[PDB]
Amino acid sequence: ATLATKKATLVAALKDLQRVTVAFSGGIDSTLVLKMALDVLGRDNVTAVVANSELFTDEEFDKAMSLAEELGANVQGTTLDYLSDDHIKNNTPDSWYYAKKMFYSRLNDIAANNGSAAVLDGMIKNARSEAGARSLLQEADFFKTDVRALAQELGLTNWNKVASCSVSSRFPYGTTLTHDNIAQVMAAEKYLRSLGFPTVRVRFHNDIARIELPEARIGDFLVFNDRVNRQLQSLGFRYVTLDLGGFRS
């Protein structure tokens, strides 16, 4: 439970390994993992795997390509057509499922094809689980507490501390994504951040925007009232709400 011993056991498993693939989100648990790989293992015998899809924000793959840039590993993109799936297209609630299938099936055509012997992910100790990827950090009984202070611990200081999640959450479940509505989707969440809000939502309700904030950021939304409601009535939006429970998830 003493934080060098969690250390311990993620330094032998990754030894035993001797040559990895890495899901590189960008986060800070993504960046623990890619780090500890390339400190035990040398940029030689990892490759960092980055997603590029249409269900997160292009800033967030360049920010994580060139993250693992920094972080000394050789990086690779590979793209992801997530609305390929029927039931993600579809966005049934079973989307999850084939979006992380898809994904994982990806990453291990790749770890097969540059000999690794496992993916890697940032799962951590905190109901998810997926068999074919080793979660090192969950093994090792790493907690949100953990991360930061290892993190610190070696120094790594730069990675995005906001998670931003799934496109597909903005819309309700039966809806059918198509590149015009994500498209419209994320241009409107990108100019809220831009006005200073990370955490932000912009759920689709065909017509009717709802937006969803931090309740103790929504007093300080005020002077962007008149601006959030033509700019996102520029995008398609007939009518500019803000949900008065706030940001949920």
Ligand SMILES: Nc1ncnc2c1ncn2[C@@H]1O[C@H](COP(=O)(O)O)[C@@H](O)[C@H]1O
Contents of the next structure:
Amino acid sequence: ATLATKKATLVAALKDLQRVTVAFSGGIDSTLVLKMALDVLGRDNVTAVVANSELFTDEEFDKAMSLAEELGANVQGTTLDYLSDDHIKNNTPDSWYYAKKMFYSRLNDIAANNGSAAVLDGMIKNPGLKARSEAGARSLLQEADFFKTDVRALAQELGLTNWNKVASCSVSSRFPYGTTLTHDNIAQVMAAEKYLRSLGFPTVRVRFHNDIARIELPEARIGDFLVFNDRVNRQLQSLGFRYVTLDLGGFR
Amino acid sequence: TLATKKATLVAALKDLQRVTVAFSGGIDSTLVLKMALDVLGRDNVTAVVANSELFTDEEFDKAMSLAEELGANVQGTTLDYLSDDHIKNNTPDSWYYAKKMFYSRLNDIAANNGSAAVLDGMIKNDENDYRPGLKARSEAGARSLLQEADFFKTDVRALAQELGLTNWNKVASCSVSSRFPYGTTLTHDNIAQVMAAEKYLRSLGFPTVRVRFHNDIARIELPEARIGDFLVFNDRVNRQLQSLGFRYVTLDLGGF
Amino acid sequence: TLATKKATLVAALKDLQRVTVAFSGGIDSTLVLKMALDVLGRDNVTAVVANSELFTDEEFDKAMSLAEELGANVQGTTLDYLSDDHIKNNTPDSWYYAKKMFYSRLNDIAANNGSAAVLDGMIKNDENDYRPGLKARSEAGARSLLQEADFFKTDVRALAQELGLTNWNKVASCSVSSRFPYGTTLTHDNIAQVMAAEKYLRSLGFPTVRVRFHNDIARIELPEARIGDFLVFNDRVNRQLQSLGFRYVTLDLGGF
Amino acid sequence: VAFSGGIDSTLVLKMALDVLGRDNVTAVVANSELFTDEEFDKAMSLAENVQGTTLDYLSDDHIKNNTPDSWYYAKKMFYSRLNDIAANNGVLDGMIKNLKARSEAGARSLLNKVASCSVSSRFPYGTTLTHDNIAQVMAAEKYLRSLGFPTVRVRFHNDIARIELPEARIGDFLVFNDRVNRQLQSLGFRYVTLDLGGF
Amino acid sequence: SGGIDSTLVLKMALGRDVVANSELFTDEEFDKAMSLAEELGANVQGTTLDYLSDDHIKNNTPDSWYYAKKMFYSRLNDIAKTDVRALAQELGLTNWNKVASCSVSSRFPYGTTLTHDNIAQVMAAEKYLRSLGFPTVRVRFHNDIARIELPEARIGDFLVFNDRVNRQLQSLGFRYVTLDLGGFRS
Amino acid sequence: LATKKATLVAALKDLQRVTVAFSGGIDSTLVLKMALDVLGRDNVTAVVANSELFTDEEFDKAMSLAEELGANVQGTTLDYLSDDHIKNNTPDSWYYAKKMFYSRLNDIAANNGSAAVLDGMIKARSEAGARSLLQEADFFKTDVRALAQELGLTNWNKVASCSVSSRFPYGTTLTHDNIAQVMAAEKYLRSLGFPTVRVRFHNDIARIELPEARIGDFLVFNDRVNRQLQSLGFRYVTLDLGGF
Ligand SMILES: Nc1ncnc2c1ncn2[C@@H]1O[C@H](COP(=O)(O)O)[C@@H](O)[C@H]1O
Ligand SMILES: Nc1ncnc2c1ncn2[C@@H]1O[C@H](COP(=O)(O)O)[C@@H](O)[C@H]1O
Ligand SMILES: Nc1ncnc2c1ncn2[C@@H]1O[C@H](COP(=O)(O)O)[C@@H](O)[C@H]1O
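And the form deposited with adenosine monophosphate bound, for comparison with the form solved without adenosine monophosphate?
Below: every chain and molecule of the assembly, starting with the one above.
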């Protein structure tokens, strides 16, 4: 049905929960959930949580905390010691689950000490349902059948105009499976990717291959990048890399 | 006087009592449907969106969604634009003969409906004598009510921004006949071939692009600032458009 | 603590009764204009846009449209900045004497207007040394209400989101005097030469660009991330700028 | 000996000078409307007793309509004149291993680095060759060559010029787009385009 | 060798009455030298050296080049700068082999045991980049990663080959095809 | 072909003894190899000039090409910047400099007994009586290349040379410092693979002229060139959109 019907289902779902804990990330999807809950149950029944960690840029954390305070929410940060778990630490292919389990556990621990009834996520329509459906996490946008267009159409109708546009992934995605994640090499990748991002390339991955960095750019951009070759070479060589290379196939 | 142009818009609707509005998804066509719904009621306004071979179904399907979200009884109609030999052979005036067939069907669905006349969303800005669709409209006896109630391009945003209106189609369209030189005959096949070649180009990250049809030669129009960023895709675009039927894939050294 | 920040704004607005607003099109000046319109009424608010030799008319017209569409009684005023020999000779303290001349005219527009105070849209974020207008603004008794209710850039983003404000001017400006070395004096001629070079560069597809004036040499500052996409426009830009008066047109290897 | 400036035709002339003498050996260089005059002039200079003759290739209705056999008919028409210049002068070619007209005229195949082709190779076979469009194609190529692209083809498709460049070079070409666009439009082309494929 | 030095020796040298070919050199080097030698008019005969035989060359120690050179001169024993260009250019000195070859062992890291199979894909990787018009080019061998050193001045000329260069080095065995952001040795 | 040539040997044989002004270019070389082959090693004297206006790199390659060809070569040093016209870069400087150049040559030629001064062209010459035999022998740019490839000439200077005073606008005073700064910025650019390049001097602005076919390839060296030239004294390093 209409966007307005997809919304009555969202507002009806919030009133029954009366009191929620929102896992807020700053993304458009996560933002629309927080503002809607703020508009329904009030600041006293809604607690916004932004999780920082070793695997995610602190720039992202600081922007998500700030964007939440701007919405008028009571925001609380929590930091996950992801590398303490050995699955995440050794970068098994199942690592992205074990971090999500640590994530929804901490959310439910904050949810229990908070008055909140459930934990809300901001995922939408169009890889692990074994993890949300273990901590009783609710994907409210996904339940009212919101796609990315239903989300922009409702956000642009709430006057919401601020969020994080370049989306992130767990920095573990930069290391081949089997390589063990250390603070040293993790800091090294995020340092290089922060630099590439500062040259005007918001989507970039520096893949880690010991002494060789392999830069994944969107093919549309590999042309604009040549002016920065020599600087990126010096800059990434200074971060520990012996050889700085660019993947001819690009990002994705 | 912003509301002195709003009352003039609302007052004309009551005299008509019943209407059938041609909705295209744009901001202009949308403010027409919302005001008619708010003035004449959900039962006295019938929404029509036209699909055709000349427009992507993406644009068609997005307009039908924009109507369901607005809450009107919306209905699609399919025009066989290629039945008229003018459009099929792409005479230079074929833009007119196509718009006439459009308002022809529009007068037919509304006459069967309770509507008195058909309303479109043209504005005083589109008050040019060289704007094509007005001719057929004033022939088919339709009406551009916002243009009559004195709305300009920024004067429409202020009523849109005041009805909380948004969620309208922002990406603008053309009849695909613009890709064919005057005289070339339009078939389903080559129309499909043109629209396929262009979707591929956009999906590489080039939203503004034209694949101009010249029998065996494809002539690509990109915005000149992007031709630098385009080289990395030359060979792939070459082979991909060649598979759609083109023998030569070329890039216009001119712009857009 | 935004719920009580808005009230501080209204209480200051209600106390002034009649105000003259310096509107620039920016988000900051808009929320002040929109708030003062909502509090004192259309007849008790006068919005002023300043045109001058140092800013494009392109900007002036977009601010006049944003004010008229916002629902203000909008009024233009024209400043002869090159009359003050400080602005003219481009000493580093120029943008002060320009700010000083700006607030004087505004206080005169306000003095004849029923307005009690001159409000500008400065905020708490720019409550610092090293920002030009602040000295001149205060020495003139201009009131920055957003600054007084302790609005920061984020508190301003959030109050807009509750007045349905989703339209303001995003392209930020510089005084064109930034394009001339400190010794160079400003002519009506050389400003237009520079302002034209940048508008053409902007037309091609470089909205962020600077043309640095060095008598016969124009130095173009482009964002390095884009200097690759500019190669196709070399010859065009070289020709078009030579006709504006520059003997040599160059591109700065450093960047913006 | 029929001289083209090539190494093959060149070795014959020097040997013919060394074997039969300058007065008993006659050098012939061909002009035409199908080849650049720069090519004609260097062959007469590379020979410098040389004598020029101009062949009316477009008189032949096959060459004029650009059948795939035009290359034959131009070769057939070439040796026809070669047997005629010999009658007043009192014909040798330089083919070297590696025609159905060359042997159809009693020519003997006894055996400049930048090589040339018939400008008919720029026209699709259906396209008919006129003096006008041949002149534009050869001019458009000269302009391209003058920009620093010694290897270039301007393919003629009526309204459309289709430029074939060496792919390695398309990057260095962007700075010249507008100039090439305008310069070939004044030479008659409505649309100037670049083949995304290659040479 | 074909160069200006070895050419002058043939044409200067006694009456009319050897160019090697090895795995570690393109057969192009051996083929153009035998054409450049028969051109000066001499009887030219080839010999081939199984360099992988000696354990130093194949183990890829920095003591390869010495050891590698030593196995060269042995079969030679078996089968039997401004002043030099001034005696060459008086003889109508035609051409010299300017483009210098390199042992392909330089494409592999010090210690990487040399296979025919991975040597092969290096020299294939290099021929392919050369055919597209990059005479100066090295494909450096990091197991699954191909690192391509192009002369920095030619990297803007390279972008049209990226996906094509990519999928083709992949079909030779590389899992990853990269372009060194630093260029050629220089 | 041998006609343009016959005029040359009759002219050289008529002089018997000459003095040849060598620049390293293909033209001056065909003049020098021919005079050696016609008049002998003892009757021809090759002169190369060093100065502030030409890189010493170029000078030394000029002396080498003469020693390899077999001429008795002689260097000489011109104090161009002494002349107030060259130093202040008046528009007539090109002339007063060429006037000074052929002046030292006619005296170095008058001193060694030679009959005329030969240069290799194909109002500065006619005031000194400098004979241009390739132009007198009916040589064009194609006629000069062809005689070299037929005389086995395989080494000459391909990178063309200019007096550095052309990089300075008219009126700018040339200082010893100012010439070296320009000469260095150009050597750096050349070392990146741009043998054809000019760094135009504009006080704080360096304006780089590249052949347009190559400006596409230069973008990777933007930053390197920007800093390297800023360290040589230029406040702003820019690229001329015109090209060379
Ligand atoms: N750093 C984060 N802090 C708090 N909540 C988050 C965070 N990341 C994701 N969430 C939730 O995860 C949803 C999307 O998941 P994902 O795209 O995998 O990060 C968001 O809409 C939020 O509900
Ligand atoms: N595909 C379409 N289907 C139904 N009505 C349309 C369509 N396109 C345009 N209309 C009408 O045409 C007006 C604008 O004309 P145009 O933008 O040229 O197609 C809109 O405001 C609608 O009233
Ligand atoms: N051209 C202008 N015309 C009228 N008012 C202005 C103008 N520029 C600025 N104002 C006001 O002065 C403040 C400071 O402007 P700025 O120095 O550009 O940040 C703005 O936020 C407006 O309130």
